[PDB]
Amino acid sequence: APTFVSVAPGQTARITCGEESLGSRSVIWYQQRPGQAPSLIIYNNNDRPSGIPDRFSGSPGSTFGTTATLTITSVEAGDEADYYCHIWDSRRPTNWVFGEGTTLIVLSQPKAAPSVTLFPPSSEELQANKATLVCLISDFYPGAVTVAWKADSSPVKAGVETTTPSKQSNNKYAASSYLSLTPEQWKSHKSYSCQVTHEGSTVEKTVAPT
Amino acid sequence: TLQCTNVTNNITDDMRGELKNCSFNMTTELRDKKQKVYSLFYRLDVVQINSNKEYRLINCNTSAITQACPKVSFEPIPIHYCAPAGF
Amino acid sequence: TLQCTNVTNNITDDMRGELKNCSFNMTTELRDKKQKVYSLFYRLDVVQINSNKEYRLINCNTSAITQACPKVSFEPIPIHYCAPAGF
Amino acid sequence: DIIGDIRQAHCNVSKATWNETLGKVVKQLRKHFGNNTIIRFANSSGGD
Amino acid sequence: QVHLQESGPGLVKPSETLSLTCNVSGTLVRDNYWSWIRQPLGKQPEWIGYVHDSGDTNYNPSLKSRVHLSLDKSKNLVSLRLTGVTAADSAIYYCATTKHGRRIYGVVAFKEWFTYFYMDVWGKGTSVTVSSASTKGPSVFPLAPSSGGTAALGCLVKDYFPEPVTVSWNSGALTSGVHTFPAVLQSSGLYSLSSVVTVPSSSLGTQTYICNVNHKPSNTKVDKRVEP
Ligand SMILES: *[C@@H]1O[C@H](CO)[C@@H](O[C@@H]2O[C@H](CO)[C@@H](O[C@@H]3O[C@H](CO[C@H]4O[C@H](CO[C@H]5O[C@H](CO)[C@@H](O)[C@H](O)[C@@H]5O)[C@@H](O)[C@H](O[C@H]5O[C@H](CO)[C@@H](O)[C@H](O)[C@@H]5O[C@H]5O[C@H](CO)[C@@H](O)[C@H](O)[C@@H]5O)[C@@H]4O)[C@@H](O)[C@H](O[C@H]4O[C@H](CO)[C@@H](O)[C@H](O)[C@@H]4O[C@H]4O[C@H](CO)[C@@H](O)[C@H](O)[C@@H]4O[C@H]4O[C@H](CO)[C@@H](O)[C@H](O)[C@@H]4O)[C@@H]3O)[C@H](O)[C@H]2NC(C)=O)[C@H](O)[C@H]1NC(C)=O
Ligand SMILES: *[C@@H]1O[C@H](CO)[C@@H](O[C@@H]2O[C@H](CO)[C@@H](O[C@@H]3O[C@H](CO[C@H]4O[C@H](CO[C@H]5O[C@H](CO)[C@@H](O)[C@H](O)[C@@H]5O[C@H]5O[C@H](CO)[C@@H](O)[C@H](O)[C@@H]5O)[C@@H](O)[C@H](O[C@H]5O[C@H](CO)[C@@H](O)[C@H](O)[C@@H]5O)[C@@H]4O)[C@@H](O)[C@H](O[C@H]4O[C@H](CO)[C@@H](O)[C@H](O)[C@@H]4O[C@H]4O[C@H](CO)[C@@H](O)[C@H](O)[C@@H]4O)[C@@H]3O)[C@H](O)[C@H]2NC(C)=O)[C@H](O)[C@H]1NC(C)=O
Ligand SMILES: *[C@@H]1O[C@H](CO)[C@@H](O[C@@H]2O[C@H](CO)[C@@H](O[C@@H]3O[C@H](CO[C@H]4O[C@H](CO)[C@@H](O)[C@H](O[C@H]5O[C@H](CO)[C@@H](O)[C@H](O)[C@@H]5O)[C@@H]4O)[C@@H](O)[C@H](O[C@H]4O[C@H](CO)[C@@H](O)[C@H](O)[C@@H]4O[C@H]4O[C@H](CO)[C@@H](O)[C@H](O)[C@@H]4O[C@H]4O[C@H](CO)[C@@H](O)[C@H](O)[C@@H]4O)[C@@H]3O)[C@H](O)[C@H]2NC(C)=O)[C@H](O)[C@H]1NC(C)=O
Ligand SMILES: *[C@@H]1O[C@H](CO)[C@@H](O[C@@H]2O[C@H](CO)[C@@H](O[C@@H]3O[C@H](CO[C@H]4O[C@H](CO)[C@@H](O)[C@H](O[C@H]5O[C@H](CO)[C@@H](O)[C@H](O)[C@@H]5O)[C@@H]4O)[C@@H](O)[C@H](O[C@H]4O[C@H](CO)[C@@H](O)[C@H](O)[C@@H]4O[C@H]4O[C@H](CO)[C@@H](O)[C@H](O)[C@@H]4O[C@H]4O[C@H](CO)[C@@H](O)[C@H](O)[C@@H]4O)[C@@H]3O)[C@H](O)[C@H]2NC(C)=O)[C@H](O)[C@H]1NC(C)=O
Ligand SMILES: *[C@@H]1O[C@H](CO)[C@@H](O[C@@H]2O[C@H](CO)[C@@H](O[C@@H]3O[C@H](CO[C@H]4O[C@H](CO)[C@@H](O)[C@H](O[C@H]5O[C@H](CO)[C@@H](O)[C@H](O)[C@@H]5O)[C@@H]4O)[C@@H](O)[C@H](O[C@H]4O[C@H](CO)[C@@H](O)[C@H](O)[C@@H]4O[C@H]4O[C@H](CO)[C@@H](O)[C@H](O)[C@@H]4O)[C@@H]3O)[C@H](O)[C@H]2NC(C)=O)[C@H](O)[C@H]1NC(C)=O
Ligand SMILES: *[C@@H]1O[C@H](CO)[C@@H](O[C@@H]2O[C@H](CO)[C@@H](O[C@@H]3O[C@H](CO[C@H]4O[C@H](CO[C@H]5O[C@H](CO)[C@@H](O)[C@H](O)[C@@H]5O)[C@@H](O)[C@H](O[C@H]5O[C@H](CO)[C@@H](O)[C@H](O)[C@@H]5O)[C@@H]4O)[C@@H](O)[C@H](O[C@H]4O[C@H](CO)[C@@H](O)[C@H](O)[C@@H]4O)[C@@H]3O)[C@H](O)[C@H]2NC(C)=O)[C@H](O)[C@H]1NC(C)=O
Ligand SMILES: *[C@@H]1O[C@H](CO)[C@@H](O[C@@H]2O[C@H](CO)[C@@H](O[C@@H]3O[C@H](CO)[C@@H](O)[C@H](O[C@H]4O[C@H](CO)[C@@H](O)[C@H](O)[C@@H]4O)[C@@H]3O)[C@H](O)[C@H]2NC(C)=O)[C@H](O)[C@H]1NC(C)=O
Ligand SMILES: *[C@@H]1O[C@H](CO)[C@@H](O)[C@H](O)[C@H]1NC(C)=O
Numbered sequence: 001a002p003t004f005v006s007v008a009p010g011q012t013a014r015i016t017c018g019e020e021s022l023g024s025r026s027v028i029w030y031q032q033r034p035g036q037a038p039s040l041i042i043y044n045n046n047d048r049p050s051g052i053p054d055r056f057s058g059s060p061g062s063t064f065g066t067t068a069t070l071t072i073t074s075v076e077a078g079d080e081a082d083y084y085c086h087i088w089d090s091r092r093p094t095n096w097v098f099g100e101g102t103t104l105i106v107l108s109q110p111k112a113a114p115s116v117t118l119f120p121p122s123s124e125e126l127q128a129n130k131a132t133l134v135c136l137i138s139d140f141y142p143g144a145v146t147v148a149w150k151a152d153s154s155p156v157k158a159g160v161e162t163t164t165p166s167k168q169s170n171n172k173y174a175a176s177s178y179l180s181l182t183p184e185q186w187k188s189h190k191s192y193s194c195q196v197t198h199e200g201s202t203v204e205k206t207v208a209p210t
Numbered sequence: 001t002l003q004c005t006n007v008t009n010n011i012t013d014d015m016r017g018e019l020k021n022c023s024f025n026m027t028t029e030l031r032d033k034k035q036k037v038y039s040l041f042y043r044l045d046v047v048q049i050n051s052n053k054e055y056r057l058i059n060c061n062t063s064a065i066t067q068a069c070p071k072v073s074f075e076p077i078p079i080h081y082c083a084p085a086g087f
Numbered sequence: 001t002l003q004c005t006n007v008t009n010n011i012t013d014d015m016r017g018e019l020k021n022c023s024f025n026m027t028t029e030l031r032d033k034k035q036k037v038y039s040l041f042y043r044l045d046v047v048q049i050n051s052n053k054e055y056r057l058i059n060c061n062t063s064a065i066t067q068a069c070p071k072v073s074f075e076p077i078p079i080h081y082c083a084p085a086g087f
Numbered sequence: 001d002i003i004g005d006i007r008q009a010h011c012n013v014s015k016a017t018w019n020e021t022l023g024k025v026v027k028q029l030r031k032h033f034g035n036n037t038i039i040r041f042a043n044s045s046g047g048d
Numbered sequence: 001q002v003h004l005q006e007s008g009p010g011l012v013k014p015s016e017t018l019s020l021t022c023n024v025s026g027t028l029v030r031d032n033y034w035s036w037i038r039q040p041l042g043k044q045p046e047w048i049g050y051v052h053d054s055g056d057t058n059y060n061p062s063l064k065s066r067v068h069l070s071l072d073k074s075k076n077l078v079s080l081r082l083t084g085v086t087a088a089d090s091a092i093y094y095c096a097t098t099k100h101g102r103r104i105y106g107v108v109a110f111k112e113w114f115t116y117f118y119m120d121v122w123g124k125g126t127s128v129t130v131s132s133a134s135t136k137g138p139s140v141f142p143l144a145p146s147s148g149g150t151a152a153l154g155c156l157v158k159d160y161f162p163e164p165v166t167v168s169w170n171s172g173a174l175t176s177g178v179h180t181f182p183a184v185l186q187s188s189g190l191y192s193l194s195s196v197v198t199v200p201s202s203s204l205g206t207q208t209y210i211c212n213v214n215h216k217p218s219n220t221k222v223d224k225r226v227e228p
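Chains as they are written, first to last, in this note's numbering: chain A, 1 to 210; chain B, 1 to 87; chain C, 1 to 87; chain D, 1 to 48; chain E, 1 to 228.
Quick caveat, the hints were computed from the structure, so don't treat them as lab data. From the three backbone atoms N, C-alpha and C, an ideal C-beta is built for every residue, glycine too. Please note that a few of the clues may not be correct.
[Claimed, not checked] If you want the ones that stay clear, here's a sample from chain D, every Cβ over 12 Å from chain A, calculated:
#	residue
1	14
2	15
3	20
4	26
5	45
[As the list claims (entries may be wrong)] Straight-line distance between alpha carbons at most 27 Å, and here's what the computed BS3-like set of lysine-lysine pairs gives:
#	chain 1	residue 1	chain 2	residue 2
6	B	33	B	20
7	B	36	C	33
8	D	15	E	111
9	C	71	B	33
10	C	36	B	34
11	B	33	C	34
12	B	34	C	71
13	E	111	B	20
14	E	224	E	13
15	A	187	E	224
16	A	157	A	187
17	C	53	C	33
18	C	53	B	36
Build out the structure end to end from the sequences listed, making use of the hints.
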């Protein structure tokens, strides 16, 4: 079900949405920038207000038995986002839910490895008969990491909670990883470790107890 | 006996439907068989027969019906009425 | 829709059957009834319609059909084309 | 199938010329019904 | 200048009355036409309904009776009221000025046209959870700065429900360098999050380093100082 469109930078992408046309329509188009709100980019079938430049071409409402298309020209990194369309067919009734999304993804982005920063359990937390260490995985393209933990040499399975790679607004993904221990077993060991695995590279971060 | 509905449309309630989409058992090239097939008719070319909404072609009780050959034309072309001789 | 077979014969496989024995529901003198009756047709006068081997008269999709009166003759008899007067 | 919008059959005439030509028939009509006469136009009474 | 800001409770029990409001700026309610859009997790947005003075206030048929839009002339804010709330209603809600128009394909007198609105300016968003689970404010134990040149610092929020929470450093003064991470749900139902800043070797102090958090559903404002 989730549809994707991919092109090289500086090219012209083309994106379609919604049911096939019956009568003359007006079609509204939007852009959901991951995190941010949906932004109106085209109001008439090909009319653009201020803040949005050309060319975000579109299908004119004058055609029938046709699909509704949105043509991005001269793409850039910023153009990467989800898109939606609103249909108003002279023949079909008022569409009360924006047509299914079609997420754009330009090519050859910055191949970039993460910025892991492993913090230890803070003194306040340890005092509360609870203990967690956290490694924070930042700025990595693409967002497909797999993180293991190790009680020194031996791996760790239990307690490990992990997020899902999420694209922050800047061309970057972000993810975290946790584990629940007791203060007395955190101090007992020599060094716990957070081993992230990128596309190829595996970076290690390892904190020892005071 | 046609079985008709309204045409695909989103018009205001006041505006009545004048294009009825009618499906019906029609005859085949072979006496053996039949065929359900649909056509579109104007409201004036049909009458409600009687919770199905079924209709009939309006001529069915008044007269018979014969389809004009499309290979003919209705254009009015100028005629001259010429007299015989000695007229 | 005819239901046809081959004619009673013992010919070599190479020799195709050109006489198809066809049985079919035909109409009766009365609208009420019907009658399964058989006739023989040439392979050229029928087409395979589609584990029954059923056929149809070839005209059924191209044109209608009208049986020549046997009380008529096809013999070509000599005609003369005579002119009017002053011709 | 109906390809495109579902619209309504109609005819257009110039309101200007209809005004003009309906004025001509009135000028002629008063020759039969009197110079000081009202001649208005109404739609069909009823029938087929 | 014109801008919008939505607000809400953040959490609703099954079969209750959802209520939302949207701050306005620059232009006022009478002047424009207002609309709401809700967007469930990982799905396309659903147009809720529209509202304007003079009774031009028709709604989504799929939502039907339980929705009631309204207004507030004097206070100048858009309003919303939804009854019979369920799991399906869990979404990030939006308020927006809708702008109408006319699309014509035939004769206008024959009424061969339609009215089409689009929504030009949105707000930030309104995260609205709905679960029979009770709210819980955050616990905070800040991450001490350790693992010249450059250095790194953090602020951990341990356990809460439901999302979201804002984290401003020094009440919003400290802004550059913040790479605050998104939350993570535990098996208990609780979320957890963590904020971090980058700070160079010039960090002796004593400096005013605090990560002021705000958990509105449980009116919790725990702001802890952090130093080596
Ligand atoms: C009997 O008598 C009756 C009654 O007299 C008569 O009924 C009439 O029938 C005709 C057709 O049969 C029908 O025409 C339609 O009119 C639609 C409305 O047009 C009017 O409004 C628009 C927009 O108004 C805005 O601006 C106003 C301020 O000016 C404002 O007040 C409004 O609120 C609104 O915001 C306006 O643009 C039109 O003006 C154009 O025409 C003037 C004529 O004098 C001309 O002077 C203007 O300069 C202006 O010209 C522009 O537009 C034309 C369009 O052809 C271009 O060619 C020019 O270069 C200029 O850009 C009117 O005031 C109109 O929308 C319909 O056309 C669209 O819809 C049909 C639907 O199928 C399509 O097939 C068309 O192709 C066209 O679709 C384009 O436009 C829409 C909307 O913009 C887009 O969504 C489409 O994607 C598509 O856009 C693409 O192409 C265009 C260029 O074609 C391009 O601009 C786009 O960027 C994109 O590339 C259609 O023309 C009329 O309504 C109806 N009633 C009346 C009262 O006239 C019967 O016909 C008679 N019958 C007989 C037998 O005699
Ligand atoms: C007057 O009344 C008339 C009726 O009396 C009316 O005529 C009928 O109108 C309906 C529409 O309302 C027509 O039905 C359409 O048929 C299209 C062709 O179907 C093709 O695919 C079939 C198999 O594929 C099925 O399964 C796939 C999954 O594997 C799906 O992805 C497919 O979409 C499709 O699912 C649909 O069809 C199933 C039946 O197979 C059905 O159970 C299911 O629920 C779903 O509806 C093939 O069997 C079929 O092959 C037959 O037909 C072709 C000619 O079409 C012949 O050549 C073959 O020999 C064979 O006989 C076709 O290959 C459908 O595409 C269409 O469904 C679309 O719309 C629905 C809407 O919800 C979507 O859910 C669905 O996914 C389809 O969307 C896709 O296509 C559209 C259009 O391209 C596109 O916009 C969209 O994005 C997506 O790609 C629909 O079922 C029916 O054929 C008409 N009959 C006649 C005789 O004309 C007439 O319109 C009325 N007129 C007026 C003016 O009112
Ligand atoms: C083109 O030609 C097409 C073919 O001729 C034609 O399509 C046919 O259309 C007719 C009418 O619409 C269809 O008849 C109906 O079929 C319904 C479907 O049921 C079928 O499938 C069932 C399984 O799901 C079977 O169980 C069922 O057969 C069983 O029931 C029989 C009942 O007597 C029984 O004798 C059989 O042995 C067998 O056990 C059948 O095969 C069927 O449900 C329907 O019956 C009622 O329900 C309909 C709605 O579903 C109603 O519309 C209909 O009116 C029936 O209600 C009757 O009973 C009520 C309670 O007593 C009464 O109040 C009602 O007034 C009504 O009574 C009338 O109908 C009785 C029929 O049972 C009749 O006995 C009474 O005297 C009285 O007249 C009904 O049988 C048929 O199935 C279609 N065939 C095909 C192949 O599609 C099409 O319409 C033509 N036109 C076009 C445009 O295509
Ligand atoms: C001239 O007009 C004549 C009269 O119209 C015509 O003669 C008729 O020809 C048809 C077709 O050849 C005959 O239909 C067949 O009859 C077979 C004999 O069964 C009869 O006797 C049985 C007792 O021995 C009864 O049990 C039986 O009735 C029972 O079964 C019914 C089944 O639905 C049931 O509803 C009844 O209530 C009752 O309980 C019947 O009275 C019969 O066996 C046959 O069914 C299958 O088997 C045939 C071979 O014997 C196959 O050729 C045929 O294709 C059938 O297989 C079906 O099922 C398979 C498994 O599901 C499918 O894979 C097949 O594709 C096929 O499915 C099609 O057929 C279904 C019919 O059941 C149909 O429902 C499906 O939708 C699908 O279309 C079949 O019913 C009829 O009996 C003849 N009548 C007379 C009076 O002779 C003659 O052909 C015309 N032409 C000429 C030149 O004379
Ligand atoms: C029932 O139907 C009949 C017809 O079926 C109707 O009658 C018609 O009415 C229209 C107007 O309503 C008449 O059109 C007029 O044509 C004039 C002559 O144009 C030609 O000459 C000029 C040079 O002077 C050429 O440039 C033109 O060609 C250009 O335009 C066509 C499209 O029109 C293009 O396809 C070409 O490629 C060219 O670009 C023609 O050959 C014309 O003067 C007139 O008005 C024009 O000028 C005024 C300014 O005075 C403009 O405001 C207006 O917009 C027109 O502008 C056109 O022409 C200029 C040049 O003059 C171009 O630069 C423009 O781009 C624009 O094209 C008007 O267009 C038509 O002749 C007439 N037909 C008949 C048979 O009577 C009835 O009204 C109708 N009745 C009812 C009751 O429904
Ligand atoms: C699919 O079909 C459905 C059918 O259900 C359809 O939905 C309906 O849409 C219509 C249109 O939105 C709804 O109808 C009304 O809308 C009113 C909005 O006000 C408009 O109309 C004003 C008066 O119109 C006059 O002129 C037009 C021609 O222009 C003519 O047709 C009218 O009959 C009338 O004579 C108009 O003034 C107004 O403002 C415009 O014009 C002024 C200048 O005059 C300008 O300054 C403005 O900027 C603007 O351009 C505007 O155009 C609305 O008020 C009305 O509600 C009242 O009545 C109900 C009772 O019926 C009261 O309960 C309510 O409180 C209000 O008093 C009504 O809503 C209709 O309601 C929709 N139907 C449903 C069920 O919601 C879809 O659009 C169709 N979709 C597609 C794609 O085809
Ligand atoms: C930006 O938005 C904020 C928050 O939305 C907004 O604050 C408003 O503050 C006023 C207080 O001055 C709030 O007023 C209350 O609202 C509730 C909810 O509707 C009412 O129930 C309250 O009492 C009413 O009902 C009682 C029932 O018995 C009556 O007795 C009583 O007289 C009242 O009628 C009370 O009105 C208000 O809810 C918020 N929010 C809004 C949207 O008004 C702030 O003003 C906005 N602007 C700025 C610049 O911050
Ligand atoms: C009507 O009066 C006009 C006045 O100019 C005159 O020319 C005309 O002949 C009169 N017609 C009749 C029938 O009286």
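Hints, one by one, checked against the model:
no. : hint             : in the structure
1   : 14               : holds (28 Å)
2   : 15               : holds (28 Å)
3   : 20               : holds (36 Å)
4   : 26               : holds (42 Å)
5   : 45               : holds (37 Å)
6   : B/33 with B/20   : holds (26 Å)
7   : B/36 with C/33   : holds (24 Å)
8   : D/15 with E/111  : holds (21 Å)
9   : C/71 with B/33   : violated (34 Å)
10  : C/36 with B/34   : holds (19 Å)
11  : B/33 with C/34   : holds (15 Å)
12  : B/34 with C/71   : violated (36 Å)
13  : E/111 with B/20  : holds (20 Å)
14  : E/224 with E/13  : violated (32 Å)
15  : A/187 with E/224 : holds (24 Å)
16  : A/157 with A/187 : holds (19 Å)
17  : C/53 with C/33   : holds (25 Å)
18  : C/53 with B/36   : holds (25 Å)
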